[PDB]
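Only a single protein chain was left out; the remaining protein chains are all shown in position.
The first chain written gets the first letter, and so on, giving A and B; residue counts start at 1 in each chain.
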Amino acid sequence: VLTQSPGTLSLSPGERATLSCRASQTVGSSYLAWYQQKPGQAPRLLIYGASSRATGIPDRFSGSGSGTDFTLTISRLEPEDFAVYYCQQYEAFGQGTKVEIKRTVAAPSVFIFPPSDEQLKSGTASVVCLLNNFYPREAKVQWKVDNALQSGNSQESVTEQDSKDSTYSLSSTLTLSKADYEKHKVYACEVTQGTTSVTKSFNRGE
Amino acid sequence: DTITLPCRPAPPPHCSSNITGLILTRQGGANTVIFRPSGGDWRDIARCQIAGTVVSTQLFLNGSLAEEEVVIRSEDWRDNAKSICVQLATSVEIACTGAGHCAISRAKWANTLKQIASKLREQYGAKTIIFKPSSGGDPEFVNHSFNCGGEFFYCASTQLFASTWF
Partner (left out) sequence: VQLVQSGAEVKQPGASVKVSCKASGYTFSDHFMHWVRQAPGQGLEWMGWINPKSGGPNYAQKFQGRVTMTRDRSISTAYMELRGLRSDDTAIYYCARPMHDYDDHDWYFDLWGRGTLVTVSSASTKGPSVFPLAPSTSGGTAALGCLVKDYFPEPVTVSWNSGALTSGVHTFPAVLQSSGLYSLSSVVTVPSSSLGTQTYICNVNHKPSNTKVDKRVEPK
């Protein structure tokens, strides 16, 4: 059984990353492998054995460890090193460690979109709230209809860290029936982040 | 009481042999360890270095025997892609009737499997050893196959590996 630590690692480019992988019910063999995986791609072999780099792997990646403890070290993080990493021993895989770019706190640009008239003709209303280019990933998005807090009728998703500024973007959709949408006036999404709440709203009639 | 294995084509009665060993594959992925007859190829079988002149799968026929007890060998016990070679101390006859069946003493085979399970228990430190049929493969490897007199015979071995041992 392979368990990795930490689950998430937040580091700026240029500094050292240390990843751990512990085998539990093992007698201890150097038959360990480390893999790197980026979104939409198959895993890439980095280390085979305890400490041997795969062909062409750059010098900043190294492995070590004896017995049950194993370590993967990235001596100086490059922008392309921020991905998910797995350890492997025989058919067992660790649960993975995600390495993300630490940067300064950035506030989102918040936009709200009313449902289009075309969608309304189908009897459903979708309201979209956009959080543009913020950091860190954690953000609280609440929907309010006539300033009443909604529940159980919205979903959200977040992009991966942008290649240019390392920020996140979030999109949230509030879905209502057309009948429910036309019996209320004010639609708003409130974004809370670190002692700051921003509320963007619109009036349905206007 | 005998385990009557179906065989095709019918092996002549003079093709009866002595089972001197077998080759197993451990199940990958409840405190039980599961083994099946190896579906490995001819080169994998030969590496056990306990066969004789007779070529066979899942079971060494007319090969070498250990001295006093069953001996189990593996390149890597924790690697389920590495076969487990089992050498018996005492052989187990498989007598072919010539009518499409070859028979084995059920009590002898159960005692043999019990010894194998004992050696596997001291190797994997477990408490329950389970034998299950072949996972599949080509006809020569999913079945217990062998060469007798220049002709290939295929015997279903599912009856030989389906049992639990504590």
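By our rule, a residue touches a chain if its C-beta (ideal position, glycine included) is under 8 Å from a C-beta of that chain, and two chains touch if they have at least 3 such contacts.
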item: Contact residue for the chain not shown (choose from A:90, A:143, A:181 or A:187); value: A:90
item: Residue of A:5, A:8, A:119 or A:201 in touch with the missing chain, whole complex considered; value: A:119
item: Contacting the left-out chain in the complete assembly, out of A:10, A:62, A:73 or A:171; value: A:171
item: In chain A, positions touching the absent partner; value: 31, 33, 35, 42-45, 48-49, 54-55, 86, 88-96, 109, 111, 113, 115-116, 118-119, 122, 126, 128, 130, 132, 155-159, 169-171, 173, 175
item: Chain B residues that touch the omitted chain in the full complex; value: 25, 27-29, 34, 36, 38-41, 43-44, 75-76, 79-81, 134-138, 140-142
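The rule is short, and it goes like this: only the chains that are shown with their structure count from here on.
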item: Chain A and chain B, separation of their C-alpha mean positions in angstrom; value: 51
item: Residue ranges of chain B touching chain A (in the complex, touch as defined); value: 28-29, 78-80
item: Residues of chain A defined as touching chain B within the complex; value: 26-27, 29, 31, 90-91
